[PDB]
Every structure is written in C-alpha cells, then in structure tokens.
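Attaching a single structure in structure tokens format; questions to follow.
One protein chain omitted, others in place.
Labels for the chains are A, B, C, D and E, by order of writing; each one numbers its residues from 1.
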Amino acid sequence: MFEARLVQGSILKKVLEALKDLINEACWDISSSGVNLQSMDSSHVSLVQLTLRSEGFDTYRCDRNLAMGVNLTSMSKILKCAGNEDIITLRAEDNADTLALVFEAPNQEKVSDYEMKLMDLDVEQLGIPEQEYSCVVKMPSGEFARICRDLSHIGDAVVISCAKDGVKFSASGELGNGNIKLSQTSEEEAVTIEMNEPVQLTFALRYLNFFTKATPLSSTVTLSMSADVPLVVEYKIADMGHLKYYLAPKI
Amino acid sequence: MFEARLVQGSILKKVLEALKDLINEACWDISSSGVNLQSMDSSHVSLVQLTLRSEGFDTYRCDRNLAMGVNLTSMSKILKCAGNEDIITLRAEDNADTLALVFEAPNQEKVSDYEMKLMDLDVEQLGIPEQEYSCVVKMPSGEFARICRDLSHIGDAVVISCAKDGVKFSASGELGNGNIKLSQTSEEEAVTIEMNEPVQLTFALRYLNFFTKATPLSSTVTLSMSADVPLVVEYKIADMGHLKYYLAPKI
Amino acid sequence: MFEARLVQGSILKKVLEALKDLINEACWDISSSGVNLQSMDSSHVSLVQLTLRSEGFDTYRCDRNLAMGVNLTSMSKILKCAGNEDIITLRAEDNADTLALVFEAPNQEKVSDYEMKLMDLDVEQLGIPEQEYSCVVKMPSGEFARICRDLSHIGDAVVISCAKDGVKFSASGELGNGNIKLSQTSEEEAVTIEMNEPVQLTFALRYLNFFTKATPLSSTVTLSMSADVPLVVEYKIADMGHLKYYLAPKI
Amino acid sequence: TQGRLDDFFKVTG
Amino acid sequence: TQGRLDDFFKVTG
Partner (left out) sequence: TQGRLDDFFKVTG
C-alpha cells in the first residue's frame, strides 16, 4: 500500500505542469525512499528525471516497490482541481490499477478525492553516466526563462557560448540577430560560472522553453555543458529532490 | 415615469453579467415596490428570478406598473461602458419604447447616457409554489463556484448527495472520477447543512456554471434540494433583494 | 556615429507600442538635436509625429544627420526583449544599414544586444501649418482611452461636439446610441476646455483607438479641433518631447 | 435524461 | 465619408 501526504500541494501541481508539456505519459517508480520518474519525450530529443524523497512528505508509506504507469496530461488536469494551499495525498493499493489523489482544503470543511486509471508502460532503460562538465552556470530561474523567451522571438535555436568573462546566448532570424551575455556577479539572484574550458553548443529553443515551465519550482537553475554532449538543466525542489532535464544539441 | 438611481452601479453590472449567459431576453416588471424579473432559458431547463427592492436605490420613482421587454445581451454590453464606481440611473417614460441608462463617473466631470430600444416579449406565467426542501446547504459562493468548475473538468453532470455528515458532489468522465465532500463547520466562509432526509440528485454542470456567474454578488450561496424537484440556487444581493436560479434535475 | 542612451527604456518600449499598430515602417530622422519621426498610415487617414530631444537621453551623440528607414513591427518585437527597467541604447554607424539596440538589465550581470537591418524608405514631405484651433480639450489620458473604448462598443464613428459647458462624444449603432459629456473641472486628472466657437466633427473610432495606445506615455492628453480640419491628439513624453497624431474627419 | 421545468411546474405563460 | 489628410494638407513627399 502506498500513501504519500504532501502538505505543500502546490509543489506537485508545479511538477505536473513542468512535466505535461514535455511528456504525456511516464512511469512513477515508487519505493520506501521516495518517488523517481524518468522518461524521454517521443522524439528522444530530451529526457526528464524527477526525484521526490520520502523525507519531503508529511506522511510517507510504500510497503513495496511500485512502477505506476501514468497519463501525465490526465494527472495534471486533475491536479488543476487542487487549490494552491491544499494538502495533497497520493494513494494506491499494492497491485494498483488506479491512483487516488486526495486534496484537503485549508478550510477543513472540504475534501476532494479523485481517482484515475493507471496504464501499462514499457519503461525504458537509459544509461546516463553522471560525469563532469566543461562549464556549469548557476543563475536565477526567472532570468533563464526570460532569456529563452526573448531569443525565441528572434530565432528557433540558441547558440550557447562559454568563455572567460561569462556565457552568451545567441539566436538569429528574419528580423535580425541577438545575443544575451551573462557575467559573474560579486544564492537566488546571483550568477556563478565555473568554466573548465570554452564550450559552444547549439540547442532548440522549443525544448528549452518546455524546461522553463519548471521555473516556479526553484529560484535558481543550473546549466551544465560539455562539447558534443547533452545539456543538463536542473531545478532543485527545496528539500524534496530535483527535476533534471537533458537536451541533445543540434548536430 | 420611471427613475431608479443606484449609487453602487457595480451591482447592476454584476446582475446583467449573471443573467446574459443564461438568458438573452427578459421582461423587467417595474412598480413602486421595485424591480422583478423572471424568465426561463430557451430549453426551459432553468429559470432565473431577480428581485431589486426600491429601498435599495438612492432615488426610486415608478408612477405606474411597467413591463419592459429587454435584450439582456445588449443591456450587458452597454453596462460594460459603466465604471465599477459609477452611479447608474435607469430611466423610462410611461409608455416607454426605449430605456435610458445614465452613468455618473466618480470624478463628476464625466456623465454618460445610453439609450437602447425595448422589445415586445410574451412574458410567460410560471407557477412555482414556495415549499420546504429536504436539504438546504449554505456555503461560501466562491467555494461553490470552484466545486462546479473543478468537476466540470471531470464530467458533464454532477451527482449531489446529502446525508448525515455533509454533502457530496460527484462526477465521472473519461479521465477518471471525483467527489468533493463538504462537512458542516463549527456567515460568509462557513458551511451549514440542514437535512430533513437524505437526498440524491443529478444536475448538468453547464447550467450550474452559468449560475456561479452570480458569485460576485454575494459572499454566500444557498442550495435547496428535494427528491424529484428542481434545485434552487440563491444569491442574496445585500439589502437589495436576491437572484434565484432553478434547475430541473436529470431524469 | 550615433549613440543614444535612454535610462528609462520603458519610454522607448511604450513609443514603439504606440506606433506599430498605426504604421509598420517609418524613417527616424536623427541629428544632434534628437530624434524626429513622421509618417502617415497607408490610407493617409492619419499621421503620427514623434519628437525625442537629445536632452532626454543620458548620453546622446549624433555626429551627422541620419534618416534610418525602420520596420516598426520588427523594432517593437525586439523591444519586447527589453525589461521595463532596462537601460536602452540605440547605436548606428555613419552610413548605417543596421541598427543596434543594447539593453542593460538592472542587475548588471545581463546585457543584451540586438541588431536589425535598416530599409530604404521614400520619406514623404507633408506640409502641416501649425495653427490655432477653435477648441482645445485637455483631459486625463486614461479617461480619453476609456471614452473611445466604450463608444467603440456602440458604433464605428464618434461625433465630437464642443460648446459652452463641455464637450460631448456621441456614437450610434444597432444596439442603441450613447453620448459621453465632459464638463470643465474646478494637471493630470482635471479637464480644461478652451472654446473659441462651437465645433462639431465626426471621426472613425478605429483610428482613435490606435492613438490611445500611447496612453501609458502620459497622464494627460490634449485634443485640438476646428471645423473641416484634421483632429490633433497629443501626448507629452515627460521631458523628452511628444507624440502627436492627426486624423482626417469623416466627410 | 435532462428534464425540463415544465415537467415540474405549471407554466401557461 | 472618411476623408484623407491629403484633402487637408499639401504633401508632395
């Protein structure tokens, strides 16, 4: 039997909002340690990895390992029925074919219970060796979102260049070209850039704009890059875990 | 001659907004005691009844009984030209074929006057005997609006069940099923449930979502139900009167 | 070489927003004294004239007179990439075929640079003799915007009548007719009306609603009218210059 | 099936 | 009928 009670339900609402636009279905691997979710989008251009530790929940119970196949589009729609101040509980039986979501309003006079069917999903393995990157940039999450949004008005792809001094994001299109340069500042609104060697990569803005849907989950975002390797964009979910996105570069 | 001066014009703006989505035309019966309006929508599935007592207006004059046929869609559009802090005056001559609406801006330098044509309407009688219901629920109007909105994401109909303990609203659809339960609290943000006997009824959410357009008119809403009889949803218009909606159940 | 540094970049953002809806291309005549822009829309029904004095910029340099042909639709899109608190710099070389726009974020860690191509434009002369009008009305810019918006819900044209007592705006349509009357008050939220003789003119609301896109540029707006002559609507850009619109009346 | 208020109230309007 | 500014001003631009 599975029981996960999250007092700050808005966290789950934000997670689904950050997932649904990128992937429509995924397997939520549940265990005594928490919730793990990993899935590539249909085009295999990006991969999302979610971690929600048991310690982050008010109450957490998962007698046995479970792999629940879930329609994220449907789950997000149901989470729309939860207030931002609702306590949210996810509940499932041992051999669950359904997932129950319970929302407790802050007024204590209203309690909602939603049940959605689970689905069989061919959860695919995806060996990704955690390594070190040539360049790691940490910046305000809102700042990164605004950069991706702005350049999207200019082009469909962004060239990210790293070197001594800062990081530059460049795009070009029919209306002209633009470059946004970020230089290290002197935790939330600061910019830190650790460079091992200059790196230049091109990425599709369409996917980056999907990643920034996770902005409300954290005040900061960290970008990790290395030549000819997937970009990694990470958002820490305050004392819960994190949401990591991987994106294959162009070429 | 008819002259009704309402200092808090926003009230009239809200009334028309709450009417126009349900009905497009209606007869405003005017007399020395105030304004009365009653009309069923085209499908005769719902009925709305409005009461605005003369006492609620700054100035009120209605020498004789009048029954003005009005296009509510047009009236609401004209009321959109009134500020939320405007004093609104409705004016009409004895054998009126036109209705004048005067909006006085709070700056006293701007006064607007709109005139719309009236129409011949076959105001239909509709005997509805005021009786007692098996269950009457009083709750925050915003709460009820949110319930109807949420379940609308799940299904097209809502099963309302009443019993000892509370009232439950249930809906089911392709994405799953949901139930919202309300239990009595211990005036504006409280829930009171008076039950004479358990009652279970099914209603179309499309109509309930039309009723909740009246939410801004009152902090509270009262639902009255009895087996095999129309549901009644009422919003009190603070020291003016009320707006009552009736809805035929399914089956 | 041209260099114009505007600390309050929002001003330029607002100017382009006020221009783009009326005209898509225009020549920005630049000189040591500042920026001048004048252009009629394709139908020659209206004309816009912009003045931005050098004194209004933090830094201003323009070694020689320049006439840059610019696609305002494209320029406005690029200005959308500038924050409302960004310092904006416009830069161009002597025989410029491109315009550079630099946006400096208030955090000092982010600097954006956009470059758009310039275009050859047949800047047309348009002799307009500055004269005196029969009636000049000064009122809150938001007030005028609301008047034009409201009457647009009633008709497609507005009859503006001036006489002793005030100014009236009238429109009529299928839903009825309306008139808004403004009477002199006793700087920002006041109404002043100077009348030399009664004047009555008809104008298309579609164009007036384009003019009010300039509302955020000033708290006040001044309307100048005379029989059988174009209407003039002016917005002062606080210690920078102004934005003047001319509109040919109907008939 | 959705009912109509006529099945619940007398009209004659 | 809507007039044009050319009927009110000399252009030659």
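Here is the rule we go by: a contact is a pair of C-beta atoms (placed from the backbone, for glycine too) under 8 Å apart; a residue touches a chain by one contact, two chains touch by 3 or more.
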Sole residue of A:63, A:124, A:165 or A:188 that reaches the chain not shown, by the stated touch rule: A:124
Footprint left on chain A by the chain that the document does not show: 40, 43-47, 122-128, 204, 228-230, 246, 248-251
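Note that in this section only the chains that are shown with their structure count from here on.
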Mean-CA-position distance for chain B and chain A (Å): 44
Interchain centroid distance [CA atoms averaged], chain B/chain E, Å: 53
Chain centre separation (chain B, chain D; CA means) in Å: 19
Contacts with two or more other chains, residues of chain C listed in rising order: none
